[PDB]
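A lone chain, given as structure tokens: the form deposited without its partner chain.
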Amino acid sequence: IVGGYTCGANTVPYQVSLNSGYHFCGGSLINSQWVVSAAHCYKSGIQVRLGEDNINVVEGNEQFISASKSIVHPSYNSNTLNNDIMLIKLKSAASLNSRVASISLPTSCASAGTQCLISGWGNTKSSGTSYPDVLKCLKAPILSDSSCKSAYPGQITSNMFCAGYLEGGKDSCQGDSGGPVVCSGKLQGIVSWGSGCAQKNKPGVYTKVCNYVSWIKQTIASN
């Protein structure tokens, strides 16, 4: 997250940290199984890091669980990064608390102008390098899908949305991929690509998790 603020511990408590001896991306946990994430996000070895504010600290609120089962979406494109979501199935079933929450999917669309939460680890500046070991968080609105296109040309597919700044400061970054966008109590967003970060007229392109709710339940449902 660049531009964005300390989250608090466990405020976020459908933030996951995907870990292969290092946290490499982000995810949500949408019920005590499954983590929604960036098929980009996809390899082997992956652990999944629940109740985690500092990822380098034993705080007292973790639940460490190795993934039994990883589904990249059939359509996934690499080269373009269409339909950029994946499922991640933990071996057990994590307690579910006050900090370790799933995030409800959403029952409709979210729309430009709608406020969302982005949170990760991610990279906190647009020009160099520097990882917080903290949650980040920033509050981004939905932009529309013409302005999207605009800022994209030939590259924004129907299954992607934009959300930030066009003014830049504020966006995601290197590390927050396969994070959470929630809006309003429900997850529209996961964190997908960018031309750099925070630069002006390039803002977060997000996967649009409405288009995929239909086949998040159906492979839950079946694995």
Contents of the next structure:
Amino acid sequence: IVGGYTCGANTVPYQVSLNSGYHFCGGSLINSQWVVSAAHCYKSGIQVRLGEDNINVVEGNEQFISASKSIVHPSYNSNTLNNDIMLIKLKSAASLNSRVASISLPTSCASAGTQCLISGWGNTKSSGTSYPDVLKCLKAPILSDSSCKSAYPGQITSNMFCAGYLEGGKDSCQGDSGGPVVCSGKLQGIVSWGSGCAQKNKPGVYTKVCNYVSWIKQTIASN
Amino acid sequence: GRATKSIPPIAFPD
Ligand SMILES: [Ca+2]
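For the form solved in complex with its partner chain instead of the form deposited without its partner chain, what are the coordinates?
Below is the entire complex, every chain and molecule, led by the chain shown above.
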């Protein structure tokens, strides 16, 4: 997260870190056994880390649970990034408490201008790299479809939306992929892609979770 | 020019 702030320990209790000997992507806990992330984050050997603040210190409240299933959307396109969503089933159910909690799926899509919370352990610099120990947060608005398509001609599908800023300086960045965009208490987005990070006229692009609620429910119910 | 926000990033010619 570039241009954000330190969230505070366990203030984003649905945020997870996907770990393979290092933090590589985020995710969102949606029930005690299932995490939503991005399809491009798929790999073997994922350990889900819940309850984290400082990802490099065991501070208390962590739960480390192996992924038992990683389900990439069958229609994920690795070139256009359409359908950039993955469901991870945990090997055992997480213990839910104030510091580890699920986030609700949306009942409707969110309108342009709605304020959202984007969070993660990604790079905090728009030029160069600095990776934080503790979780970072950014308040960012949903942008209009017409502004999103103007920024990224020919690249925005019906399953994507833009959020953030056009003036530069505030955005999600590398290491934030798969993590949450939460608006009015609902998970509306998954960090996906952009042209660089925090660049003028190039806002972040996010998977539109409202389009996948039925798919998520059907997949969980059958697994 | 597009790149994903994973570690490591996946980038594309555009
Ligand atoms: Ca920790």
